[PDB]
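Can you make the complete structure from the sequences, with help from the hints?
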Amino acid sequence: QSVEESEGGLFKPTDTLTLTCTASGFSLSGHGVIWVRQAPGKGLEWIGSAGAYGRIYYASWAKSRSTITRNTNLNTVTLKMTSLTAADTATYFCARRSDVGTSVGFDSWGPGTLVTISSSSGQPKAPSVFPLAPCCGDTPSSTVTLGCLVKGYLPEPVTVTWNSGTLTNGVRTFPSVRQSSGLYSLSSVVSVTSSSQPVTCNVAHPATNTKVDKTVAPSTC
Amino acid sequence: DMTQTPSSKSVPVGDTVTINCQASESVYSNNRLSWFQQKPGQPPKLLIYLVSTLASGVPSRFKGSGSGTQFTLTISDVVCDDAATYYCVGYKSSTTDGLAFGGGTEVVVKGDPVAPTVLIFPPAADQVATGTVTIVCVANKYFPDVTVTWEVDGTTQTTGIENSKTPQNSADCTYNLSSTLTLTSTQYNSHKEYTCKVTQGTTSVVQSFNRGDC
Amino acid sequence: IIXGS
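Residue numbers (the deposited numbering), protein chains in the order written: chain H, 2 to 82, 82A to 82C, 83 to 100, 100A to 100D, 101 to 215; chain L, 3 to 27, 27A to 27B, 28 to 95, 95A to 95C, 96 to 211; chain I, 3 to 7.
Keep in mind that the hints are not guaranteed to be accurate.
[To be verified] In silico PhoX-like cross-links for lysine-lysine, where the CA-CA straight-line distance does not exceed 25 Å:
#1 162(L) / 45(L)
#2 138(L) / 107(L)
#3 43(H) / 92(L)
#4 64(H) / 13(H)
#5 107(L) / 43(H)
#6 189(L) / 43(H)
#7 208(H) / 162(L)
#8 43(H) / 39(L)
#9 45(L) / 43(H)
#10 92(L) / 64(H)
FYI, nobody ran anything at the bench for these hints, they're computed from the structure.
Structure (structure tokens):
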């Protein structure tokens, strides 16, 4: 009994953004469904709603270029937006409301889907992966923090694991950032004993059908 | 509209924090008002609906009240797990602009202060041939929030910097941070000393490297 | 106006 937003990705200003709220284990029919979004560093913003009994209602900013449609045969609610701009780059969420009597008691939320609006010259771009290791330090240590810098990819996301997922203790993978180029980057680090075997970051970028493994070792010294 | 004050608040562990929400007009039946909790990287979570009713699984130290157009969320016995942005949502009608989200109140939970341990990572050898280099600085397990400054041969950098912060630890309230400085390859090869300075008010932790030594 | 009612 959950909802999930369909795949987001990279969109051109002339594209149509189509996002589907799909349900598993319950029905969207006869229940309110809301579409909201969150731009980086901004608060939640309402887009529009499908009422439990068939009315569709919108935020006034969205109404002129958005359509929200219910499909009670496929058990979905879809958001379609046109005239895309950089302001539409955001995480998009849908949610289902169990009880009409709460009006806004939206209790079943999707995980969110990542959307980036590029300029015209935006094509997907695979990440570059560079090892992170400290400089040669005069007092070597019994433990060391190594990592991988994942640089210059488009759109989100990448997923990072260490040693094919078997290494999780001491791993910290930071939220992505978006550099001045418009490309995304993130860092992942792991603390290990200086005696243990080399560690490998596995960086997958589905949008370019790319996976990159970098085996990281302490610098020669 | 729903007007939320303050936009941010810090509260010590164990204390009580209040979040305010003023509706620009009455909500429907004066009670169509919900509160949500959202932690970075997660979807919103319903806390309270119909002004004061707790959602399933939500503990009663979360309390909602309302009177006229004023609504208040009170969180007592605050724990680090309460760090989040809190939103009120009001509803008047199923029409254009018929519901509204508040702007949110970020609640920072104050644990014990602790200075970061800071790591700096010189660019891997294969970066510079690409025409740009990215230096990484990591600040581990710190509280309160930091500000990051980068220096190159003693000159403070004003562009090319991005910061990424993990959310407050649900156990001890601490943060972790990754800061990056990106320079052109000729800038990087023209300078020697690279410095990341992580500051918490009157405390700073500084980590450097010299390009010729790595 | 009020969810269908």
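Tested hints:
Between residue 162(L) and residue 45(L) the alpha-carbon distance is near 21 Å, which keeps this suggested pair within the 25 Å criterion. Taken as a hint, the residue 138(L) and residue 107(L) pair is honoured in the structure, with Cα atoms around 13 Å apart against an allowance of 25 Å. A distance of roughly 24 Å separates the Cα atoms of residue 43(H) and residue 92(L); the hinted pair therefore holds under the 25 Å criterion. Between the alpha carbons of residue 64(H) and residue 13(H) the distance comes to roughly 20 Å, so the proposed pair stays at or under 25 Å and holds.
Using a Cα cut-off of 25 Å, the hinted pair residue 107(L) and residue 43(H) holds, with the two alpha carbons roughly 23 Å apart. At roughly 38 Å between alpha-carbon atoms, residue 189(L) and residue 43(H) are farther apart than 25 Å, so this suggested pair is violated. Using a Cα cut-off of 25 Å, the hinted pair residue 208(H) and residue 162(L) holds, with the two alpha carbons roughly 24 Å apart. Distance restraint check for residue 43(H) and residue 39(L): the Cα-Cα separation of roughly 13 Å lies within the 25 Å cut-off, and the hinted pair is therefore satisfied.
For the proposed pair residue 45(L) and residue 43(H), the alpha carbon gap of about 17 Å is at most 25 Å, so the pair holds. About 18 Å separates the Cα atoms of residue 92(L) and residue 64(H), which keeps this hinted pair within 25 Å; it holds.
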